[PDB]
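Next up: just one chain, as structure tokens, the form deposited without the named molecule.
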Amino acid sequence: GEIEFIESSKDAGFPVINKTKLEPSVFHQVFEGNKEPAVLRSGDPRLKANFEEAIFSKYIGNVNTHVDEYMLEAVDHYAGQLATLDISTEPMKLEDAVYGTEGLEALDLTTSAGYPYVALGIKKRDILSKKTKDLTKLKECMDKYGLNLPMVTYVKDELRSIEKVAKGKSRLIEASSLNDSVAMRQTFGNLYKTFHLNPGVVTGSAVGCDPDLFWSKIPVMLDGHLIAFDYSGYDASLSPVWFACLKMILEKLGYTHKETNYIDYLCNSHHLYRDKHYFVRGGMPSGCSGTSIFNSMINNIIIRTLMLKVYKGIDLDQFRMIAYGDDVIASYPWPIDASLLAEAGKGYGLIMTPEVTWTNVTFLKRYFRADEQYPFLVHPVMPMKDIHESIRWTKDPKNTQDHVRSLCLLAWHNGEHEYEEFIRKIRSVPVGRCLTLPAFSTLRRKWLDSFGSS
């Protein structure tokens, strides 16, 4: 992706789009950590770099190439897999696409409504209602403002490492207009549903998975020599050729050329950021509808392309992979040099970052540890250091109970000794003794029982 044009918003008649919410929690001194809130403003005294330059530096440019022979075969192979899922290309019913259905959670009512709503002070809840499932106001707004509206760029308010704070390398997220979010959920909602209900090696996707259950399935699906990597700045690195590949895959699934027009909206985009507006060619605009699923689909095309290009004579029918956006875990029955693939990826404008074993591999920032007693069940193991980083901050201490409960559900997979120490430190602050904390044995019993029914 590349910014092709940027100028002051006022020159085009756009109004300007309006500190961190993260604050030290009561556990900030009880646990150790290094992370701090990402820089959100240019004047931040922790900066050791130019902020505006840093946040846009992920748009490293485009490789301008045609869909080549390797891509075509990659698209064909992945399309053959997805065909077995019988994805419906029929529009999803508006009420289902907006207010929830199996496999597609209701539209988030707390996030930005995007443009022009943010300029008018109109929030999602001024338009939508969970209680009534009203679609009348939404139809009025969609008729009135139409589709293909500018995206609103926000800086992601989240904890980051010391290096990323100093370098100002905060992440950006895009808010699609409510109109475009809804229209994309109508167009692709059945694809979203099918992906969410089928994480694994047919979709090649883990989007929507529950690691507590899914991690025991992964080694069954990936039974060869492991291949694993992620990327640096995946979304913004994507060149338009990969979006062309995605459109080809979607059309092989039965979408019409008009239904794939929304991929052009994602690829060639118009953004408002504070007092500026700018146009981008290429790049997945992270935070629009479907971006994790579409990133994952593109990654399935990319890895197959690279394998076909480097390993002539590869047999993709024996290849297996699972992607969550840029994050990949995969296998092949023979060893594969991931560094060769990564260098081949550099020629396509990608920055891939690769002896991978079940002991040292990670996926979704978690390790894999087979249960000592039930060896066919696999613990997802979030490192305790990451749990410690999280518990030390909060965006709203009114949610402390839910926050600490969620961390307990992650922590116990590290073993009973680690868990008891975690609980002891939590209880060394008075808030900690006011919380309902699950017992290790309860967490373990419920986990074991969860595999017994579905």
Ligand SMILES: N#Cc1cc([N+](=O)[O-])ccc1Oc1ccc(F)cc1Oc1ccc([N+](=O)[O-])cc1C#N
Contents of the next structure:
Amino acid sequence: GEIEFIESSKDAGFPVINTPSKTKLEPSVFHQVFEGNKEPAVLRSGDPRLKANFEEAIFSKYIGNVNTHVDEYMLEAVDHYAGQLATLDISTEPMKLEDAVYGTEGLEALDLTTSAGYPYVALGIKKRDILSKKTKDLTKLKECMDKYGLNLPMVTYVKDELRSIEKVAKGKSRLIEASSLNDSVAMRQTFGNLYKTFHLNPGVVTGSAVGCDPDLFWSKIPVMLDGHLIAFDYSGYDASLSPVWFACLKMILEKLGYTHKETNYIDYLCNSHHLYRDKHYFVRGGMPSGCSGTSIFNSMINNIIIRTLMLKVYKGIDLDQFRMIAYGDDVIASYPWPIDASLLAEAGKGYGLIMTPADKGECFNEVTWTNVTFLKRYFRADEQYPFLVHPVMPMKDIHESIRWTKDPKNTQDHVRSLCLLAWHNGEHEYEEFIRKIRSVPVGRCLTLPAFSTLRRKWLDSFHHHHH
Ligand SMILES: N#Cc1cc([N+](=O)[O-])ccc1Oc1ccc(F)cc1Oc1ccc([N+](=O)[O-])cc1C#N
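With the form deposited without the named molecule in hand, show me what the form deposited with the named molecule bound looks like.
Complete assembly follows, chain above in first position.
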């Protein structure tokens, strides 16, 4: 991804977008009770914690493109993964607006808390001013869509979230694109059935884990990945995606039976128009994290990518014995013979991708079930039911997250959520967690699940329904 053109908003007649200047994260009542090193990301330019230039850092992820056509490796990659998705019987038919906007099995209702984007955001108009979760009204939306169209600029927001000292210091805050409500809805219409199928079929056929529930899904993973594990990091995945990969994506959507017209939306993602604060810029390549389907699409591409590096480096490779699961840039994979991930990483670099050893590793080491992570979680078989596998989020991370809040009114929900995570570290660990929570008076006011109830409900969860 490369920033092609940049100018002042006033010159094209765009109003300044008034994004928030201060963080919503403050120290929680638990901030002194636990250790942690992370702090809210830098959102403004004058932040005294900065040890680099902010405007420069946030955009620097835009490292460049490699100009090329789809090669022989890409094609055969596309076909293999095409071969897989066909099994699923994805409907290329649009989805009925009601479903696309207000929910259905496999596609959550369009979130009414996020930005509506341009131009509504400029006009003080909020999502809730347009949609209602009570009347399922589409009369207003239809007016706005007809009024303002598709293909609108995107609004760029600095992601307000906890980060390490290194990234606060370097100003490497992450950017999120708010798509215009219309484009959101349109895309949901066009791809809703794809999304529905992806969320209902996490695993090695979709090669996706987007929408999954670790609690249930972890147990499936080792079953699906028989082989020697392959795992690894990207750096700036979304924004390094060159246009070539989008060509491949639309190439794959075409085999699923999407028309050229219907794939024009991939271009909307690839060559993008952004309204940042008082600037207005055009970007060629780069997945614009935050528009509709960016996770699914990031995964699908990744599915293409890895199969392409396998093919180019290991002539002889049989892909039908390959298995992968992506969540956007996060990949876990297996082959029956060892694979040198470093080879792949160097190969990938010729395509403008920065691959790295898994979990900020020193070298592309042996990947076991002991050290493998996915969505920041480890795997540990339950001591008692060995076919059951715990998703184990590290305590360090739970400790980090507990020390801040964006809204103390939700403490109960927040601490329960963290509870749902921590207990996989084991009873000793869980009881220390609970004691320290409880060493503050607010901690004593919270309804907190007992370990033994967490264990029971989990064991009980793999008793009903599918997967
Ligand atoms: N469309 C849409 C859409 C709407 C919102 N929103 O705020 O209402 C947010 C993300 C949206 O994109 C997706 C819509 C449906 C999907 F099945 C998947 C979408 O993309 C994601 C799916 C999953 C995740 N995730 O959980 O990380 C992030 C994204 C993103 N961006």
